[PDB]
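One chain follows as structure tokens, the form solved without the partner chain.
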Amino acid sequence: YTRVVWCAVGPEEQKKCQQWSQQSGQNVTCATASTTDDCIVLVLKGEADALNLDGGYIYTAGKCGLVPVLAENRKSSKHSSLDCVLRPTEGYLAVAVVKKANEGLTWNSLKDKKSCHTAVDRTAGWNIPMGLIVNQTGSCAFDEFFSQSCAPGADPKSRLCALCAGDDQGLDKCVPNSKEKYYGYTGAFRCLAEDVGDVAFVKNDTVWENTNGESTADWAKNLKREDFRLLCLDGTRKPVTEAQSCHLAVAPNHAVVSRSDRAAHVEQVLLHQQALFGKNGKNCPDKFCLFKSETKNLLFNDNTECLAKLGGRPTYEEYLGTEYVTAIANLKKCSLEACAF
């Protein structure tokens, strides 16, 4: 009733969800699925209520009638006066990252190189870079641009999955969930940090969070920021300190979605859950922290300060913006208005 069913994607989000379920005294329970698309289907069936999504899936969900409820809000130096829950969202920077030692690699010489993407259909990892590449080449053959890639969610037998590693045992190669070693923001950056790929399409925050001792994870321990470079659209290469002038786009924040008819209820519960397990929540450091999972971004990104109210009660189109929606529509015509399920 005043109980919310959260949809976890894959085994590790299920485990985190179970812990949250427990700490909340079953005010939140869990449903699990193998992909984000399957979780979207559970919400449409009404077998789950909500999940936090990247812009690209918000577009998929919105076509099926799901609505944005609350958005991830990370720290800012502006609007700082305002409380986090009421502060507008800023969006994140979609960037292309390479190793400095890979000299002479620029945006213009990416053809036939190796790439690392968060997952097919995601904003920074797929939609922005591939929409840009389709536009620039006048061709929908994006499956042929890079020699090899790790792009979770593509055909395991295709070259877009050739660089993906699967789990500890080699199983689940290219699945779009955290079982795949190179999945998500962190996995895609690891793919580049390990020299599996020549380039990684992540967001600006990911580089900072997994370099200069910020991570402590074995593959990221010795990663230094000066050993990386951002690729700008003008054919240039800049330090990772210069993302405000060298990004592929600014992305709408990840946001919680639910069926429109369940939105008010999901919103109410979430604001209380975060009062309890949020950044300075009553129980977070001590019993459980919703926005922590050791650099793994499970359920929510680890850099989330809070989930923010939206204001202007936006539809999913208003939320994503006409810029981003037209870019997705244009790219999606390579792979006609309806819910994809």
Contents of the next structure:
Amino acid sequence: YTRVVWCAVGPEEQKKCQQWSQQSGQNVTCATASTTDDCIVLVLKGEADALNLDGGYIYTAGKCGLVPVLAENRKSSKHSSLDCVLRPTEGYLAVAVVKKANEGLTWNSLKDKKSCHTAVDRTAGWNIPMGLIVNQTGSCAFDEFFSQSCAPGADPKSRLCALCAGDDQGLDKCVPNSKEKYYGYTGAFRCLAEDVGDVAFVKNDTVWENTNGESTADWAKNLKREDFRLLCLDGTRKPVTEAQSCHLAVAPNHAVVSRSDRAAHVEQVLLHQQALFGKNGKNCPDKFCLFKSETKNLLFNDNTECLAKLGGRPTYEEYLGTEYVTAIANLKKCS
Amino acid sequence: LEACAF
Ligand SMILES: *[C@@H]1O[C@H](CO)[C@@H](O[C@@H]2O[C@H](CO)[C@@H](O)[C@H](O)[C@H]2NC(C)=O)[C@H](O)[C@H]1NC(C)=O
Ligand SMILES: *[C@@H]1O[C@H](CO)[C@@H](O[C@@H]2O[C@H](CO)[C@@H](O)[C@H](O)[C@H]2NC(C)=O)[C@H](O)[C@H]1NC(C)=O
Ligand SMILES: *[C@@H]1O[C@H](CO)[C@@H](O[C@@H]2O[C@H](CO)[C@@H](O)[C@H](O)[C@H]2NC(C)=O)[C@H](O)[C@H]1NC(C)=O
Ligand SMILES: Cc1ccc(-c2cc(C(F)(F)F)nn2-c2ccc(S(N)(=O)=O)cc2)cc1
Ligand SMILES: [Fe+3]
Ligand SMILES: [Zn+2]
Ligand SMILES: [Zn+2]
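Can I get the form solved in complex with the partner chain as well, since the one above is the form solved without the partner chain?
First the chain shown before, then all remaining chains and molecules of the complex.
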């Protein structure tokens, strides 16, 4: 046993991590950086041990030698006696979401429209839709496809950041952390909800979790699921209840990564921390809930039931799967 | 394909 130093991305995660640190009696402590890429460099330097990453960022971390440790597991759809920690993960569905009232927008008419992305380099927000678009258009000029976008982590003066809003004060426009109003799954879906954009690239669960009273958050509390449609790759639009037949890809769940030399320790500490603070952990809700943050998905997604053990001690390529890896590789050829 | 980005 040593202490595990977690890396928080931006100040809202830093505050949650400090609460966790306090509750864990400094079994976990906190390092903080402004972007996920900077947290990954902190882990490579050995100045932090671990953080939880979207698959696109697991690709970056894994090219640098970091390894997957445990994966987010949300509620299974299909029955299982299996304990959450031992259950195989079922990826999530990457979708393209639009307003029902924006009639006649389909997959085939996205050129020159306004788009909302979780962040450059993330799976559902970026790698899957821009990979598909580069391929279908035969051009690497994916920075000129949409007329304007919010794609946190792109050049703040470029059209890919034209729609980003920055923080409370309008500072930090387009930074890829939760201070940007339109960052991440919930930020990109808010960008669509507010009709800042015409299309949001998020995951199926985002739409459900921020509609029909599922969020009380001020911009979401009044949104109705029937006012949204999914874009299918065949050019059709479906209701958001049809994501199993109308998605862009199945994504590998977000997962914790660490240096190889610290993975075993990180895994043990985390399994013990979720026993205390995870979904009905000994001390959640009374002292601290590791997987809650009032819908902001800070450190972990709010829909996480547990962090689950991986089968086969996978390398990052085995975890992401060979198809997704080659999709990312192909897209990164553009820049 | 190649080296670490950093
Ligand atoms: C902080 O970490 C320590 C180290 O593992 C924990 O102390 C252990 O508690 C277990 C029960 O879970 C005891 O059987 C052992 O005596 C302790 N282990 C060691 C190595 O001394 C402690 O429970 C942790 N606390 C929190 C709040 O995270
Ligand atoms: C899309 O996401 C939603 C939200 O996660 C899924 O709906 C959940 O499904 C589980 C069982 O499968 C239920 O126990 C939850 O109550 C549902 N949540 C909500 C807010 O309704 C939905 O199944 C996903 N759709 C697909 C095709 O995967
Ligand atoms: C974009 O197109 C490339 C080129 O076809 C796709 O890459 C191929 O993917 C298949 C299936 O995984 C492999 O068998 C081929 O070897 C890959 N080709 C190359 C040149 O590597 C890629 O999957 C497509 N991107 C998306 C997001 O669908
Ligand atoms: C229900 C479900 C769950 C995950 C996936 C999936 C998709 C992908 C990809 F390639 F499409 F990205 N990988 N990938 C995946 C592959 C291997 C592992 S591993 N090595 O840990 O067993 C973990 C995840 C698919 C369906
Ligand atoms: Fe993701
Ligand atoms: Zn599919
Ligand atoms: Zn293997």
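Residues that one form lacks are left out of the comparison. Rigid core: the largest C-alpha set superposing within 1.5 Å between the two forms. Residue numbers count along the first chain shown, from 1.
- Annotation: the position in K224, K157, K78, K111 displaced by at least 2 Å at CA between the two forms, with the core superposed, corresponds to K78.
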